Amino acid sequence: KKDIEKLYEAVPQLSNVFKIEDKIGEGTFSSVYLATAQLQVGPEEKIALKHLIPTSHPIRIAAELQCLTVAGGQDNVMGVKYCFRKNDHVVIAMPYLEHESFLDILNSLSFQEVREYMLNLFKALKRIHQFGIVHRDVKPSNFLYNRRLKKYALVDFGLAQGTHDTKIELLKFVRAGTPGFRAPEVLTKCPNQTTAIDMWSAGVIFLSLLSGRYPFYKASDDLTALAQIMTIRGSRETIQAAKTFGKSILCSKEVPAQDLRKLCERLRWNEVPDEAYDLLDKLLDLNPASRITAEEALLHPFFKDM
């Protein structure tokens, strides 16, 4: 309420255009608000307004906008309608999509709905990865899901980096995500981090969906998450994989790799196919070179026929 007032004051032009109703999201680097506006084309429309923290470097602001303009608005990737600026305050106006809380729907989705969710996530990931965008903060709060409408939008390019050959110019001139969704090569600070790190994240999401638990890896720092990952995927397996990316991991307590089906079943629909756990295993590959890509994921037997 006081936040709404301060936003209007920071970007005065907003009061000419929007009736700002409520704050619908908040992260380290932004707050997202629900607002109403009148379209010239006729309809009134619900709008999401994303106020970026005024400490963002202009290049960071610009790179996020460029992701939205170039890659967004298609294939379950959020696009941008307009952008408002007064000085250091930038507000991105995007279409509003009404959406579920992940906690709410988690234990109430049918299995077919689990597979539709994952299929549609991989469509969004394939799209951004085609442009050489590494999202770096893929998690349920950044993947909008309208259960009723079966609509999906991947959001928030505010932590993105480019691949070596990225098609988003500003990304070459480039902030840490949630520990629980970060890949082993991320947690261990590998200098080379590719699109594979987002595929790991999608596997953590899939792990929550199959086990009925969220947040799966509940960790406030990177090494705690790594320790939790080792109890799932195995310490020896993690130590071996980390070598392939130039990291030496020592662990005092050896813990075995878990069977994924048994893990998810004990944590948690009557005949989940082997293909689901096989796909999970590929998503949670400890080696980022061998980890499945979004394009490969879409062709996985788990998704015949959709």
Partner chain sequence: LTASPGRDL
Second form
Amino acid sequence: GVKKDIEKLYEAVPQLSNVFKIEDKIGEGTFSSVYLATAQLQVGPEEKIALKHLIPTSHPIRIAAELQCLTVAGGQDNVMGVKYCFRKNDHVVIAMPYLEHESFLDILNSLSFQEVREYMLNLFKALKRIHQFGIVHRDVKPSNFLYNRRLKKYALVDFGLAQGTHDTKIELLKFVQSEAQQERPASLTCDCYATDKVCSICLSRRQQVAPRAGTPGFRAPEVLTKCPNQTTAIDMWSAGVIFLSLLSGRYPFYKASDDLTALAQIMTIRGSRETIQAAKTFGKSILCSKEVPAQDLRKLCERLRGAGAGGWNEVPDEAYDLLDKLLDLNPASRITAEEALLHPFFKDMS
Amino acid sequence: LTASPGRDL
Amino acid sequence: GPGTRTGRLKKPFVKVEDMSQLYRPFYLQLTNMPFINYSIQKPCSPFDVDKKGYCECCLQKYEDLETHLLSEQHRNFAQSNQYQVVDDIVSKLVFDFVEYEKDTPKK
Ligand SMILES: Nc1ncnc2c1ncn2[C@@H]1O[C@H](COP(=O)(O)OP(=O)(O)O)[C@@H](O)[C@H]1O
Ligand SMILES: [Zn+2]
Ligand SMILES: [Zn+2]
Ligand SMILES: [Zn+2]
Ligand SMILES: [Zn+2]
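Please could you give me the other form, the form deposited with the partner chain bound, since above is the form deposited without the partner chain?
Following is the full complex, with the preceding chain placed first.
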């Protein structure tokens, strides 16, 4: 199985056979496959290399934008860089340094609390870096943030879904802006607004278009409710979801097969009135058939994680305060990566 | 936990 | 009801609507609203109750990736000048690996 895939990769991009020994397939995702390979350096020792084979249905501008994120933003501040890139026709392979890393699920229950602090700090370093360039990653989640516990090394990876802010410094992301473009009624309004009613007027309206590339369980509420003007705040929400998994011991934390089920789960954690209030500020009316109160984050996480030893026995208030700011339902007030690095949770750190 | 099938452009 | 398209949503539900009223609302109806399950063992979600795609080059849906990639339309795009934007970025990277000559069979 893996053997035929490797043989086919050498056939697809023949230059690889003169440079790399492809040893194994380490990743299989929606838009790429990633292989472990060994190469010799002209001036250094042998190196392990991650070869990312982009799906050949990818548009060339999308391929180039991913590469440009890696070359311009990557290579420092815990953002993966690129060593080289090989192309034959529609087959593009990005060669990156291989970072040996933990499985998030495997280490979730053995991380010390101090290691959770260090992990979050270094995630925010990476997000501060990409957000400075106006990159909205859109798919912040543990499999896109590689962590080597022993070496204390971190790498944000995978710019295959990224979009640009209006401000972006990644030239090619001006061709993939996060601001949606809408498609192409006898009565504009109807009496169903903010009620449980439906009628022929509202049901027959066109559909709103908004970006939503990403992964189920990590999308911010403004994504789930089809806000056409999304910002780097969606990445900070996703970082909040990672933190919520770390503090609760539960991963994946949310488990939903569609956007409004994900929203219903968020309302069950953060409260329905709180979610409704925030959504009004970005132009969305949410109605739920039952009101549910916000959960206290400390009680929730500690009850789901169970008895704490060592650092886990006395998690500081600052941790749940930072979590509350990351999971801010209002994307305008949600904490930024730059601000998060200044939060008291990170007292006495680098 | 893979990405959804669709993305922009 | 369904014939007149007018009525009320069966509960429980979530309904979302853009406040401009320009767009169709979207709805969620499920049998059970989410329940936080603290009994299920970690690391499980407290909400746990348990080759098709689109070619961006051809602007076409496909049901089998490998089949689409072999189609004549996709091959023509793959072999075109549309990747100059990629090659322009590559030409600024520095190649620092050892490159071997091809091995030719002997005798
Ligand atoms: N530079 C790298 N070093 C080590 N492992 C990597 C690297 N890049 C990717 N991976 C592995 O490959 C997986 C897939 O990488 P990613 O860029 O997310 O592609 P995909 O979109 O297919 O998931 C990652 O979760 C990680 O396990
Ligand atoms: Zn990824
Ligand atoms: Zn109506
Ligand atoms: Zn609800
Ligand atoms: Zn195609």
